[PDB]
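A lone chain, given as structure tokens: the form solved without the named molecule.
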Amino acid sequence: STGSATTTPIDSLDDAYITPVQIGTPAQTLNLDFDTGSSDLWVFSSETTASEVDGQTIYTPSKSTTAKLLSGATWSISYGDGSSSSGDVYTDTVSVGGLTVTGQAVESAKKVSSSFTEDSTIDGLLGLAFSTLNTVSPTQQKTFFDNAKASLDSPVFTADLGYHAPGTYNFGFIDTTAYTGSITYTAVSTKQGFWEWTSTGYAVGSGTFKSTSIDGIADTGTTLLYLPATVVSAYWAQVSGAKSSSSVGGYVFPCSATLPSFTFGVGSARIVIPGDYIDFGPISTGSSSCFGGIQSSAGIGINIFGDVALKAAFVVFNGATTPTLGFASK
């Protein structure tokens, strides 16, 4: 089997991407944030505290003939940005782009933090990291991908995120029309539960490539590119007037700037992030200070190849017995 679903930016900055997902019988379609940095599929629901719901579409398990309470199971998750959610668990039929999993754990939110409430466009998350990170207790649950894997034509999924445009998540096949040149594959460590890999270095604009190992995660659920302070300083030093602002929470730059590109290495291959991808616009409405899309990972504890980086590539998440990651230009 295979699946193919379009993923769409939630706003004009590509702050996140939403993908329609069918849950239950008859189908209830919710727009979920596919997150290769976490491993819980959770939804706004009929159980979510009413004051914490503001415009989201909810899953109502009582209206699904295939929903079953997973008795005694609870979940609770905290994300890198400080947001969180928690609740109880149902199993139900879940379909993505024509690919169906029966018995998928659907984690129903009883509580969500303010950032989730405030984002009316995101109805929940669909985790695509390794199932060892799943938070369901006392019986840990599998991700949608882990459940689907044995049925897939090939044990892979691909992320093809757009810059200010829709893109695609495919399950079970590699669309050879969706990228240019060849795919370069690189080793993955699953030790921390992430799609963790080592970039071979970077360049700023038309500058020389610096060969240096950068361990990080491929994370579709993180907006920006978070890299070591040395790398990030080298980048922003090439932008007149750019500075790190503790009051704003990272690097800002004059909105009048033309940003240089940023290149990262994948083995001997190179992925180029155009300068425009690194512009996250005014820090507040009408400001002439703009927020940068490359930020320091210092104090996160891990480097994160988030959407800024991934959307410059066609990315293969290879879930074979020895997992790997592939990157191609597009």
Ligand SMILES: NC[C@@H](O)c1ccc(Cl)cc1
The other form holds:
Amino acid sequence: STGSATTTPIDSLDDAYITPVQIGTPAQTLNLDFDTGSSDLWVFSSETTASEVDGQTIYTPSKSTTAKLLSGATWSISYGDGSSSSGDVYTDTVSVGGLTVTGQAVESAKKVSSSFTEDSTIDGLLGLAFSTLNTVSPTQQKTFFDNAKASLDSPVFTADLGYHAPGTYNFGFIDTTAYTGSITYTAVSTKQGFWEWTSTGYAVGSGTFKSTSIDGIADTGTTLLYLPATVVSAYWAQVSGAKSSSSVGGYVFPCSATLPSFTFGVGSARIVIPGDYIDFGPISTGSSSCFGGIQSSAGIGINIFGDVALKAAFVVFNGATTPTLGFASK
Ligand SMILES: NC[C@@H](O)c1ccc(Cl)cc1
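To complete the pair, please output the form deposited with the named molecule bound; the form solved without the named molecule was given just before.
What follows is the whole complex; the chain from before opens it.
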């Protein structure tokens, strides 16, 4: 089997991407944030505290003939940005872009933190990291990808995120028309539960490439590119007027600036992030100070190849027995 679904930026900055997901019988379609940095599939629901729901589409398991309460199971998750959610668990039929999983754990939110409430466009998350990170207790549950894997033509999914445009998540096949050149594959460590890999270095604009190992995770659920302070300093030093602002919480730059590109290494191959991708616009409405898309990872404990980096590439998440990551230009 295969599946193919369009993923769409939630706003004009590409802060996140939503992908339609069918849950239950008859189908209830929710727009979920596909997150390769977590492993829970959770949704706003009929059980979510009413004061904490504001515009989202909710899953109502009582209206699904295939929904079954997973007796005694609860979940609770906190994300890197400080947001959180928790609730109980059903199993139900879940389809993504024509690919169907029966008996998928669908985690129903009883509580969500303010940032989820405030974002009307995201109805939940669909986690695509390794199932070892799943938070369901007392019996840990498998991701959608893990459940689908054996049925897929090939045990892979791919992320093809757009810049200020729709993109695609495919399951079970590699679309050879979606990228240019060849895909370069690189080794993955699963020891922390993430798609963790090692970039071979970087360049700033037309600068010379610096060979240096950068350990990081491929995370579709993180907006920006978070890299070591040395690297980030070297990038923003090439932008006149750029500075790290403790009050704003990172690097800002004059909105009148032209940003250089940023290249990262995948083995001997190179992915170029155009400078426009690194512009996240005014720090506040009407400001002439703009927020940078490349930020320091200091105090995270790991580097994060988030959407800024990933949307510059066609990315293969290979879930074979020995997982690997593939990157191609597009
Ligand atoms: N995208 C999931 C989010 O909780 C996350 C996961 C891992 C890191 Cl290092 C940062 C943020």
